[PDB]
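Given next, in C-alpha cells, is a single chain: the form deposited in one PDB entry.
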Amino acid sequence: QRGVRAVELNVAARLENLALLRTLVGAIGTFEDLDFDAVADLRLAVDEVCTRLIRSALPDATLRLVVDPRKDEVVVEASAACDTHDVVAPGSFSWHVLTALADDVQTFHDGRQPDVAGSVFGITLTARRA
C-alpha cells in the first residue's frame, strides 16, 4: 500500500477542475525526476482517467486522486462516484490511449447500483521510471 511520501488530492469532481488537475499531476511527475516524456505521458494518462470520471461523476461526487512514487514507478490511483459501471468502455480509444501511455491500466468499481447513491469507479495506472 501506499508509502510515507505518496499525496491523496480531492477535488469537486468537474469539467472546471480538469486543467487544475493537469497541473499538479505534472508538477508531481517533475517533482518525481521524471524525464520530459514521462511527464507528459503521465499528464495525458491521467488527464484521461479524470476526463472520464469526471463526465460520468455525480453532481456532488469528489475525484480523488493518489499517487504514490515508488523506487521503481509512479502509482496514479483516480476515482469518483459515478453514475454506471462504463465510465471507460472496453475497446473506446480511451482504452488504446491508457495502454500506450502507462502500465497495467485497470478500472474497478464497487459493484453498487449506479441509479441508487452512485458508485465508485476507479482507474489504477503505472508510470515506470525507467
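Residue numbers count along the first chain shown, from 1. Between two forms, the rigid core is defined as the largest C-alpha subset superposing within 1.5 Å. First, how it differs from the form deposited in another entry.
- With the core fitted between these two forms, just one of 75, 28, 65, 34 shows a Cα displacement of at least 2 Å, namely 34.
- Once the rigid core is overlaid between these two forms, residue 16 does not reach a Cα shift of 2 Å, moving by less than that.
- Shown in the overlay between these two forms, fitted on the rigid core, is a CA shift at residue 122 smaller than 2 Å.
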Second form
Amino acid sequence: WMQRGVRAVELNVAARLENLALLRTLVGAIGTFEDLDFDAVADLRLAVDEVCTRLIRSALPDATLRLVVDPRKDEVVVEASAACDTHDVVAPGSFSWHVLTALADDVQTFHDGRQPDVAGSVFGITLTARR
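Any chance you could show the form deposited in another entry after that form deposited in one PDB entry?
What comes next is one chain alone, with no partners or other molecules.
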C-alpha cells in the first residue's frame, strides 16, 4: 500500500488458529522495534491479538490473515483483515468491541459485501494508537 509509511510491514499468514502464536510473536518483535509509549504498546499488543483471534475464528476456509503494522512518528496504525463467514466480526456493543475501543485510541472497520468472489467476504479492523 502506498499511503503506508516507509517503515510499515505487511504480514500474511493462513487464517488458522495454529498461527495466532506466530502473529503475537511477530507483533511483539515489531513493537520493541518502535518508539511509542510502553503502556500504549502493551495495550496495542492485546488489541491486535483480539482482532487476529476474532478474524481467524470467523475466517473462511483457506483464507489469509493480512496484518499491516505502520509505525509513524505521531501514531501506530495496525490493520488486520481476512475473508470471514459473517458481515461483522466485532458487533457494536459486543464485549470485543468495548475491549478494542478501550485499548486503542481509534477503532474502525471495513467491509463491502457487494464485491464479487472473496473480496466481498473480507472483513477488516483498523486500530490506531497515538503518542
